[PDB]
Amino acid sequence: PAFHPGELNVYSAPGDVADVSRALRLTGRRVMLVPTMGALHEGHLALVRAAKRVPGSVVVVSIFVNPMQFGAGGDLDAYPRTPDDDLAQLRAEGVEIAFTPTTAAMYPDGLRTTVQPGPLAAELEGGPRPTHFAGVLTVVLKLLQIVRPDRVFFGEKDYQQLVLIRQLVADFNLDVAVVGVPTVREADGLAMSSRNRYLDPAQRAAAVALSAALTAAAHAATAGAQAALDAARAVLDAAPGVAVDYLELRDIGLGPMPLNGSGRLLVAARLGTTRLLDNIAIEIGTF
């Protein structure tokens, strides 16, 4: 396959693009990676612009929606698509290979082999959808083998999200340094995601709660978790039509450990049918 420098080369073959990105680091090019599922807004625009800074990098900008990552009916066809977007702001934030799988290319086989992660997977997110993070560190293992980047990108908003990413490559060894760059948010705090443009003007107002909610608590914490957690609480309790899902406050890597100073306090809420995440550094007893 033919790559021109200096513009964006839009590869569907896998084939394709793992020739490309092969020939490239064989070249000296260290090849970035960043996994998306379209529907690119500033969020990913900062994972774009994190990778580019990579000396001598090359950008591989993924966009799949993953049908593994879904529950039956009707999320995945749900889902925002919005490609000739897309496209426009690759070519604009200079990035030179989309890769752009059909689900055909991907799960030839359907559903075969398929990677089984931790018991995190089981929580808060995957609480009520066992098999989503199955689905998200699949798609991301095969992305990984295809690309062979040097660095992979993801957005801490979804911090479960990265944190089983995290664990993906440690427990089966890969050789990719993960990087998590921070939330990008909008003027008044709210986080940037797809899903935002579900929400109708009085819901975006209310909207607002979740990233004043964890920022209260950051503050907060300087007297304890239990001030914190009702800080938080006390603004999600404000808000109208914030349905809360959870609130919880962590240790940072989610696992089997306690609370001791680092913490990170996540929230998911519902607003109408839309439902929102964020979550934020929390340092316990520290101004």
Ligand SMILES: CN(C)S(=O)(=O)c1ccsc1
Given for the second form:
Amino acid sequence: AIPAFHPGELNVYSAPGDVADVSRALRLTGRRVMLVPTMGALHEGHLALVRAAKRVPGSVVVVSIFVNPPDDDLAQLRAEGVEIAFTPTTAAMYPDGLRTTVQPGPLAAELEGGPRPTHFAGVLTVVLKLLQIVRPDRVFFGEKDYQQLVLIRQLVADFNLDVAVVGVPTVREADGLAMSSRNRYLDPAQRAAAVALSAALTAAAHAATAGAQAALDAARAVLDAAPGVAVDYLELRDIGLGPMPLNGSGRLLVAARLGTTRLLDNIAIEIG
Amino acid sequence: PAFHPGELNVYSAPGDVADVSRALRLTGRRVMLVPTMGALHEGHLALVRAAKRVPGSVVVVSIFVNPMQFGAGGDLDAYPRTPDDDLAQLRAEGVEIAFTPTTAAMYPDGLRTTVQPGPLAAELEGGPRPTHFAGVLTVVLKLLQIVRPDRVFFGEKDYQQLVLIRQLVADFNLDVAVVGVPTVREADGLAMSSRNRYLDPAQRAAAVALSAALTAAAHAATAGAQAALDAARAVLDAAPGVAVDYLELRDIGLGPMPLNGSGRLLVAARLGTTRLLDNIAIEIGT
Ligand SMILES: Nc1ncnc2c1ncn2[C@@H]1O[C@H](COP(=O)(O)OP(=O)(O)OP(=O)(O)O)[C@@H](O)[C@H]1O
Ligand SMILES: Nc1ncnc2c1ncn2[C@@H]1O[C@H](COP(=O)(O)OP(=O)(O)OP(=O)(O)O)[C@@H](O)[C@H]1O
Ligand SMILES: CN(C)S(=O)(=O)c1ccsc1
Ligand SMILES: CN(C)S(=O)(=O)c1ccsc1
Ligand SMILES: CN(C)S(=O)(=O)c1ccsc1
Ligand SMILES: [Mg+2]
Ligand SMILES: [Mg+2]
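Now that you have shown the form solved without N,N-dimethylthiophene-3-sulfonamide, what about the form deposited with N,N-dimethylthiophene-3-sulfonamide bound?
What follows is the entire complex, opening with the chain shown before.
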């Protein structure tokens, strides 16, 4: 017997089998299941994934909230008209502990995989589990974590997963700072300097009519004008994060530490 | 693309079989998957027959040999490859779908994202071949995603592989039932295996000791674990030209749990260059 589901209300499930049963039952009645994976502490950047999933016709939106090893989140989801929240415990997700896992390809060792070399094996493992529990038609990730998003597209391709991955543009504060729960830690001087990441990327994207080296030098000049911004990398790559082609489309990515807080941003770049 | 029911439909492209499987499920057939490396014998046919008997079933048998569960030199080029006979046998069994993908369609990006099995993959068969089961589980996960069966069928013969596939299914929340099928044996007890063709007549005679050792241990086991193991060892020791790689009695999940009342006894041995495996359920003090 299918667990209880009330159309038009926020239905909260903690057991993986429950959300699985509901989602199978809902898909059979002709709803298209949209999955929006999060770690809770919801802000406007997360709600833009939610809004994107909501506008697919016939959608029922599943928002998962899970931290790799609350009332207000759920209120935000209600206010958004989300009908399902999936809130599993660690034990529900890892009942046999850490056993079979996904091993990413070599892209996971680069860029964010520098400081955190097993970070993405962990992310891909839980993404794959969520896809299998929920079996959505489409799954939504923010472009803010671009390398994560490209890794998910590789997971999907490589394991023949039948789900469409939708990347959602980065939501920004008024001065361009990419929204993130970490921003709250920045003191005023760090918060003022943090604008340099987005300002450097946008400067680079306009300078790119003059070519790839003009785009990189414009970005570096902007970051060089900020105090207390320790750049960990600034790299222009093609859109799948391979090496940047001579011309055409790419992606410019930056990560920097301001005090103890690490910030990331990236932007589409059209070369020449 | 096309699906002619009651006939064998062969697809090579993953998209084709995924499309047909999905259409079939939607019309309410239940999809059964039997993964093979081809070279089909009666052991594979027991899997097929178990799949066939699930009411409403449509049976997909896949045939695919890696470049990932093999680990050089060496072996990958050594695998028996008769696709011909295989399809004929499947037609005979009334299978409706054979899935025979190319290496290119399975690995268009080489080895990029893969499955990392848990620590069981480093033991037993994995001892000398510590990448072998990452190869197997990566293909089985892809087959499960392409075909999305209701049930997938594996033989008990490759018991460690069966356990690993159950771990993969649990650990990734895969929505498929794994059905283990009992080992099919020649009349003298020898477990059927495509590798048995590499035994010359003397080695074929000697190879009965694996199954004789195991069944002797299963009966001996009223006298305890040590008696069962020594009975198996004695039989294997009496066998000319059988060289034992391992003989081990484990818990049923092969797992990090001590042995209690129920066990599996596993053996691997070389007869010249041919490596043979077998295993049996063991009840201690029963
Ligand atoms: N500003 C943003 N715009 C678009 N998507 C975002 C934004 N911030 C987070 N996301 C997306 O939300 C999903 C959940 O992200 P997660 O729950 O880590 O939050 P986060 O803001 O990146 O928090 P943290 O600062 O702790 O890293 C991911 O797909 C992520 O890329
Ligand atoms: N004798 C048997 N009884 C039941 N199942 C079997 C038997 N032999 C193989 N199988 C199963 O058939 C499936 C396909 O196996 P595969 O194509 O490796 O054949 P194989 O006979 O084991 O070949 P090889 O001898 O080359 O290892 C696996 O699930 C395997 O456990
Ligand atoms: C990508 N994440 C937001 S996720 O829900 O799949 C996750 C990853 C590690 S914890 C939660
Ligand atoms: C102090 N920072 C606000 S800053 O104005 O000096 C800065 C920010 C990005 S470049 C210079
Ligand atoms: C377990 N196999 C028979 S499979 O079809 O998943 C496979 C694995 C490596 S080659 C074929
Ligand atoms: Mg984040
Ligand atoms: Mg085999």
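Take the two forms, find the largest set of C-alpha atoms that superpose within 1.5 Å, and that set is the rigid core. Numbering follows the first chain given and starts at 1.
Asks: Out of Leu259, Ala243, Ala227, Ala238, I need the residue that shifts by 2 angstroms or more at the Cα between these two forms, core superposed.
Replies: Per the superposition, the moving residue is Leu259.
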